[PDB]
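> Please work from the sequences and hints to get the whole structure.
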Amino acid sequence: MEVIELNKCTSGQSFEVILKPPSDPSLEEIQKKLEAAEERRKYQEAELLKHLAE
Amino acid sequence: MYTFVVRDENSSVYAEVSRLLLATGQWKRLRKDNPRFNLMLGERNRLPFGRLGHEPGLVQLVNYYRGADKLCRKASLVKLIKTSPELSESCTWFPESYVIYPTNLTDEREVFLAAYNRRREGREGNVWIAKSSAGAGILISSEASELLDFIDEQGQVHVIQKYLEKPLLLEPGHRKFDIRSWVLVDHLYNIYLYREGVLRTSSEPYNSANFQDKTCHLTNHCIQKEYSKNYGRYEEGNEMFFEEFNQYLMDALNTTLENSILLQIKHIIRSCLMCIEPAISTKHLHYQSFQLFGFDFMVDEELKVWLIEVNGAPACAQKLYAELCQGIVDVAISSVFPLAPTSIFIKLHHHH
Amino acid sequence: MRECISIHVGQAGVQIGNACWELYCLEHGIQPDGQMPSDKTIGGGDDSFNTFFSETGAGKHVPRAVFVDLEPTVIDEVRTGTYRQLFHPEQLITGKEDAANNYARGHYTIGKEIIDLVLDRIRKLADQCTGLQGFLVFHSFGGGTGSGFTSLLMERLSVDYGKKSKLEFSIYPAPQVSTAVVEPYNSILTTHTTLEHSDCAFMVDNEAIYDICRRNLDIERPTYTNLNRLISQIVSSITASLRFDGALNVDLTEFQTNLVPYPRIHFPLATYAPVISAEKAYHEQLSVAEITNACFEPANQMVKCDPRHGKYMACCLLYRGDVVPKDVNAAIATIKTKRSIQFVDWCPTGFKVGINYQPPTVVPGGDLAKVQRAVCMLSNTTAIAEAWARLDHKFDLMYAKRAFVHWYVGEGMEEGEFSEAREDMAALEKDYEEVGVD
Amino acid sequence: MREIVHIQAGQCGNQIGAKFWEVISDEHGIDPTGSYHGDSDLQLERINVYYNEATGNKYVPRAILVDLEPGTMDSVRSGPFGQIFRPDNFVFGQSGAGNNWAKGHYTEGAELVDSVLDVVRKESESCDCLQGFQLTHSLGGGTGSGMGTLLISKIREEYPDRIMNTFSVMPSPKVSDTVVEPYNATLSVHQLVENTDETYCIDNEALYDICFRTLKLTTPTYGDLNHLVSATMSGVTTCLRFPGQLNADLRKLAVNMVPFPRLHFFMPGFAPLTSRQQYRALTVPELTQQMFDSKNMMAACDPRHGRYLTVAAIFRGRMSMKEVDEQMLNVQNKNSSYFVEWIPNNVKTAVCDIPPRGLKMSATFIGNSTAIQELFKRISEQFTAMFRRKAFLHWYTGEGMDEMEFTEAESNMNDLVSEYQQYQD
Ligand SMILES: Nc1nc2c(ncn2[C@@H]2O[C@H](COP(=O)(O)OP(=O)(O)OP(=O)(O)O)[C@@H](O)[C@H]2O)c(=O)[nH]1
Ligand SMILES: Nc1ncnc2c1ncn2[C@@H]1O[C@H](COP(=O)(O)OP(=O)(O)CP(=O)(O)O)[C@@H](O)[C@H]1O
Ligand SMILES: Nc1nc2c(ncn2[C@@H]2O[C@H](COP(=O)(O)OP(=O)(O)O)[C@@H](O)[C@H]2O)c(=O)[nH]1
Ligand SMILES: Cn1cc(C(N)=O)c(C(F)F)n1
Ligand SMILES: [Ca+2]
Ligand SMILES: [Ca+2]
Ligand SMILES: [Ca+2]
Ligand SMILES: [Mg+2]
Ligand SMILES: [Mg+2]
Ligand SMILES: [Mg+2]
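Line order of the protein sequences matches chains C, Z, Y and B. Reminder that position 48 of the first sequence reads as 48 in my numbering, one-by-one numbering, no gaps. Every number in my numbering is 1000 more than the matching position in the second sequence, counting from 1. Every number in my numbering is 2000 more than the matching position in the third sequence, counting from 1. Every number in my numbering is 3000 more than the matching position in the fourth sequence, counting from 1.
Think of the hints as simulated: they come from the structure by calculation, not from any bench. Please note that the accuracy of each hint is not assured.
Straight-line alpha carbon distances no greater than 27 Å define the calculated DSS-like cross-link-like pairs of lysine-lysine that follow [what the hints assert, rightly or not]:
| id | chain 1 | residue 1 | chain 2 | residue 2 |
| --- | --- | --- | --- | --- |
| 1 | Y | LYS2326 | C | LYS8 |
| 2 | Y | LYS2338 | C | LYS32 |
| 3 | Y | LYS2096 | C | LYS33 |
| 4 | Y | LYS2401 | B | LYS3377 |
| 5 | Z | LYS1070 | Z | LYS1162 |
| 6 | B | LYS3295 | Z | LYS1028 |
| 7 | Z | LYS1070 | Y | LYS2326 |
| 8 | C | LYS20 | Y | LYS2338 |
Every beta carbon over 10 Å from chain Y, so not counted as near; a handful from chain B, in silico [as the list claims (entries may be wrong)]:
| id | residue |
| --- | --- |
| 9 | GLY3038 |
| 10 | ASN3057 |
| 11 | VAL3060 |
| 12 | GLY3079 |
| 13 | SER3126 |
| 14 | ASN3247 |
| 15 | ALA3254 |
| 16 | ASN3256 |
| 17 | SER3275 |
| 18 | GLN3290 |
| 19 | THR3310 |
| 20 | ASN3345 |
| 21 | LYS3377 |
| 22 | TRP3395 |
| 23 | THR3407 |
| 24 | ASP3415 |
DEER-style ranges, computed between Cβ atoms [what the hints assert, rightly or not]:
| id | chain 1 | residue 1 | chain 2 | residue 2 | range |
| --- | --- | --- | --- | --- | --- |
| 25 | B | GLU3326 | Y | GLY2081 | 46 to 54 Å |
| 26 | Y | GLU2429 | C | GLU54 | 44 to 52 Å |
| 27 | B | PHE3392 | C | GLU54 | 27 to 35 Å |
| 28 | Y | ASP2046 | B | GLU3326 | 53 to 61 Å |
| 29 | C | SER11 | Z | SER1133 | 32 to 40 Å |
| 30 | C | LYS8 | Z | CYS1091 | 45 to 53 Å |
| 31 | Y | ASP2396 | Z | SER1133 | 28 to 36 Å |
C-beta atoms are modelled at their ideal positions from N, C-alpha and C, and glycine is treated no differently.
Written out as structure tokens, the structure reads:
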């Protein structure tokens, strides 16, 4: 039961008590992900319009 | 209308409990994967406790205490007894035990040999038994070399504990036996002891000069019914019930089952269960738990009781399935889900 | 002094953000018009509260906050509410139609068209910071914006502000206050794509905040206002060290250092006590030992789970009010001898303690009663994995039938991102078990 | 500002639509002349969803009235609230459809559809942010059935990413105008399977039995049936017409009610349904028990013959929201065998403080149940009974249709039935 790093100021204090010792994607790659999904949406809408045109 | 699910098809106990619940006309069984249940008769292994108590408007109850394995595992019980201040120091009712890991994997090998060499040097009886939870795989021997070498040939954790060389022998027969007590713990953590126990007796005379033939030393019901030649001679199915056993203690020893054995059993059940209560209690939990336990005891010729092990998913004696299962429904299930005596249990009061 | 920018995304984040800044103002003595009589340096200063507030030449104290929602109705509350004067229009961003509880819609379809605008508004706040620490991101798991747009925002922040820390305050989905069936989908999608971008995340399970409100505050059917006022109390306790003088958790970096030794396991469990009803006659004031002991009761945890069957990697005790170190150590010694507190063998069995003498501020007319001392415990337990298990299981039930999947594919998401996200959660669950179970 | 454009086509569509605008106009305080005279701000909060605001604080419904003969729409224009509709929004021909799907869809209707889309386009151009469309019509006639589905097909082409919603009256032999109603209904259903996000299935037989057996009306009329549709239409749209986070807009409701794109046909329900003992206060248990009772449902399908994919319940009036959750959670936990177990929490509840006119409290029911297949089975059986003998086909081949198109519709709906069956197990 040891207390370490006791710091005191006007608004409070903090310390540490030890009981026992131990034993990314780039900007380019994000645009591609967004543009890839935007293309899959454009493809699926074209197939809908092609279906409606028939 | 209450709802329950069945997730252990091999449980003869809760199979009968499930049959009784439907007999009341106020409980309905659902598919085993339906989460909208009041009661879960769960699986033995890997029961998903984390998924309980998160259904809006449903009080959920389960038939197992999460964390009770600490008591029902051979190696866990030994570690729990030795490390718990409530037990280790003054635990005079549990045989001297040691946890031993096979050399192909803490470990109490050296501590075991130290106590072994002390007995061998003092002329004292030095017969130990090695067992594990992965058995049907038991060996009894008086040589440390054989015990340790038998564990290295396997691949799971084992426990070496003192073998009771002076057991109490029934007469006529001169035969060993053990005592099985069923204990029910409800959601409020009351400890109920079934008034009916069973002595699983050996139908062979106890022989202290030959630990090779393990039929007169192991009182398991399956071993007696497979490797014993006098099965069913003295009592039906090698099962003597308290009424007869009590009458015997009066005729032979001039004492009663209560005074000479039951007090110690009730004391041991309390000590074990109160010890782990802070770790497994569901008093302030989002779900509730109860569980049936099977305690196994040994009795020596001084009428001192010893704890062998605790079973977390015990079976029951055929003659007592109806009475006990109905009891599980009265105090364990209907106490939380009431329906629209002379209790068969004995409440062991204690401080929570 | 280093600044902290708070970002509020979606209905949950915005409304919780509104409740926190209401509490921050009451704590720092800031009026609804932005004035602060106690601040003697007019139009400037590098005080602790300046980490969350900037100053204008007229003496106004403006939160370093951005509010983002793909629909304008929730942010219109902020624009015309009590604290309307605090923020300027550049800080409030609203679209015209939401993500319809569809992660793919908020992340891809709608997010792609508004992401550059949000980054620009955030860049304007960053340009007022002389040494920016990082970001606090508030959002829900279930909302299509909270889940879908947040994960995109996090990816870009990692690119635009590489060396900056990012903490989260995430609302775990609870059916008692939800009408969305697909929230498990959104929760798991957003955890997958956000995991490598968040340094530390505090999950709050609405189920926990709900029962606390019914049990402790005697509210039969709590509203979001009740939940959010309680939630912002916990948030205040967690961010207090950044806004007041002190030496524990004085910057966002310290949260990771003190609470997350393993980067993926960055979800500390939060426990708060005491929560007392204001409608009560008058309560007996609880002691240091009693409130500290409450920190190990499941009933006051932000996520319901059983820490008795996990392992602790870190443990932080944040007290506010009349507390002295002597009383804290006394209580801890008692709890150790009674409770089941198992640490991992590669971490010290210790407690970092912080004490702020100013007791918890309570919103006038709110539901919480004034107390003389309170504590928030931050502990990294493997027990919080139960939350992932519950969530992952609901995911498995719907995905086995591909139910509702077409709504996501329709917005341009590939079906494979479902399984890719799920396999990540199965790996996350394995990490918890490798650290906690024997 | 999330506006909805309403369309009503054909005899049935306009008479039901007429009463719908009569009911909600009363609930929002709008009088027959468009002036607001309510006493609560909740009435105007979401008023712009169904009403445009004109000069002088006038509220004009965002509704388009369509038909191929003038008769019915002259009745509307002379009806109680006829003056409230925009005069330009009446688009009608003179030939009629003769209860013929091919005339509404291919010949007569084709000549008139473009001018209908000119009005739709004009109402959408004035929307701050259009949610989507809702169409009221019957499937058994020619205009609402044949031209209605033609409208949907062209509205989806010009507005491919908007929500298309319909209230569809299914024909029943017990309440029938002509024997060709199964033909028209089968042809329309396939259009709806493809081009609608949500379809409330209303069976004229269920409406009849309710008026006779429950309401004790010796001789029901179309007007009596339309009173139920009104109340129901007012109920399902309560989420959209008043403040609330649950089922906020049309796309959010669809995301939570439709697990598979083709299984978007709902069974609606209402409660109470009291006969003239009409002043008795109704308790929350009674509201919930009735709302889930098949007798209170309007698709004429027994829910205990299938399983609920998702359920959405709306409670109106000043009541105990706690007692609502308890009773809802009571019904689910008491019959969890009719709720699929692979969609956690598929039963959602919403509350609203403004009750319908003349009621202390009420509840509306919206179910996506696999039992709806029984409705399509009836239609298919009736279709096939005549088609195997090519009975009455000349009415349709005379309009340019081929037998091959009927065979496809037959298969398309039989596939629709098989899709429901595989999810019921
Ligand atoms: N604690 C709390 N939870 C909220 C609040 N508002 C919404 N939620 C929860 O958030 C989830 C729904 O997500 P939202 O935040 O409303 O969705 P969103 O981020 O606005 O995204 P959209 O789909 O576009 O609306 C549900 O689980 C709600 O219970 C709130 O004010 N406080
Ligand atoms: N230390 C000891 N001294 C004497 N006998 C012992 C003993 N340990 C075990 N036994 C004998 O072994 C038998 C049961 O062994 P154990 O209970 O360890 O195996 P097991 O768990 O597979 C049977 P069960 O679980 O049904 O009680 C008992 O009947 C007892 O007679
Ligand atoms: N509920 C209801 N159903 C109607 C009404 N009028 C007609 N129907 C039904 O609708 C079908 C006839 O369609 P109808 O609207 O007359 O054809 P249309 O004018 O060409 O669109 C038949 O099945 C009728 O039973 C009505 O006022 N109310
Ligand atoms: C064919 N038909 C049925 C009904 C009815 N039962 O209500 C009417 C109505 F016009 F009277 N017509
Ligand atoms: Ca200053
Ligand atoms: Ca990073
Ligand atoms: Ca012509
Ligand atoms: Mg055993
Ligand atoms: Mg939203
Ligand atoms: Mg007609």
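> If a hint holds in the structure, say so; if it doesn't, say that too.
Each hint tested on the structure:
1. Among the hinted pairs, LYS2326(Y) with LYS8(C) is consistent with the structure: their alpha-carbon atoms are about 14 Å apart, no more than 27 Å.
2. Restraint check for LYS2338(Y) and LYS32(C): not satisfied, since their Cα atoms lie roughly 56 Å apart, outside the 27 Å limit.
3. The straight-line distance between the Cα atoms of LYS2096(Y) and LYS33(C) is roughly 24 Å, inside the 27 Å bound, and the hint therefore holds.
4. For a cut-off of 27 Å, the pair hint linking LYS2401(Y) to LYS3377(B) stands: about 24 Å separates their Cα positions.
5. Annotation: proposed proximity of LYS1070(Z) to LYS1162(Z) holds, straight-line Cα distance about 21 Å (limit 27 Å).
6. Between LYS3295(B) and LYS1028(Z) the alpha-carbon distance is near 26 Å, which keeps this suggested pair within the 27 Å criterion.
7. For the suggested pair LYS1070(Z) and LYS2326(Y), the alpha carbons sit about 35 Å apart, so the restraint of at most 27 Å is broken.
8. The hinted pair formed by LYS20(C) and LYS2338(Y) meets the criterion: a straight-line CA distance of about 16 Å does not exceed 27 Å.
9. Even its closest Cβ contact with chain Y, about 21 Å, leaves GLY3038(B) beyond 10 Å, as expected for a residue assigned away from the interface.
10. Distance to chain Y confirms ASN3057(B) as a non-interface residue, since its nearest Cβ pair spans about 22 Å, more than 10 Å.
11. Under the 10 Å C-beta cut-off, the non-interface status given to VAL3060(B) relative to chain Y holds; the minimum distance is some 23 Å.
12. Residue placement check: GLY3079(B) keeps its beta carbon more than 10 Å from all beta carbons of chain Y (closest about 35 Å).
13. No beta-carbon of chain Y is positioned within 10 Å of the beta-carbon of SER3126(B); the least distance is around 15 Å.
14. Interface exclusion of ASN3247(B) from chain Y breaks down, the closest Cβ pair being 6 Å apart, not more than 10 Å.
15. Consistency note on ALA3254(B): stated as away from chain Y, yet its beta-carbon is not over 10 Å from all of that chain's, at 8 Å minimum.
16. Not every beta carbon of chain Y lies more than 10 Å from that of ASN3256(B), the smallest distance being close to 5 Å; the non-interface claim is violated.
17. Once the 10 Å rule is applied to beta carbons, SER3275(B) is consistent with being away from chain Y; the minimum gap is 33 Å.
18. For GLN3290(B), the shortest C-beta to C-beta distance to chain Y comes to about 22 Å, beyond the 10 Å cut-off, and the non-interface label holds.
19. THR3310(B), annotated as away from the interface, has a beta carbon of chain Y within 10 Å; the closest lies near 6 Å.
20. The beta carbon of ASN3345(B) is not kept farther than 10 Å from every beta carbon of chain Y, the shortest such distance being approximately 4 Å.
21. Here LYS3377(B) stays apart from chain Y, with its beta-carbon at least about 23 Å from theirs, past the 10 Å limit.
22. No Cβ of chain Y comes within 10 Å of the Cβ of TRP3395(B); the nearest lies about 38 Å off, and the non-interface call holds.
23. Taking the minimum C-beta to C-beta distance to chain Y, about 28 Å, the non-interface status of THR3407(B) holds against the 10 Å cut.
24. Annotated as non-interface, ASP3415(B) keeps its C-beta farther than 10 Å from every C-beta of chain Y; the closest such distance is 17 Å.
25. A beta carbon spacing of about 34 Å between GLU3326(B) and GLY2081(Y) contradicts the range 46 to 54 Å that was offered as a hint.
26. Distance hint check for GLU2429(Y) and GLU54(C): the Cβ-Cβ separation is about 48 Å, which falls inside the suggested range of 44 to 52 Å.
27. Between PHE3392(B) and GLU54(C) the Cβ separation comes to about 28 Å, which falls inside the hinted range of 27 to 35 Å.
28. Checking the proposed 53 to 61 Å range against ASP2046(Y) and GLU3326(B) shows it holds: the Cβ atoms sit about 55 Å from each other.
29. The supplied range of 32 to 40 Å is broken by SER11(C) and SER1133(Z), whose beta-carbon atoms lie about 56 Å from each other.
30. Range check, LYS8(C) to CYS1091(Z): about 47 Å between beta-carbon atoms, so the 45 to 53 Å window is met.
31. Range check, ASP2396(Y) to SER1133(Z): Cβ separation about 31 Å, and the 28 to 36 Å hint holds.
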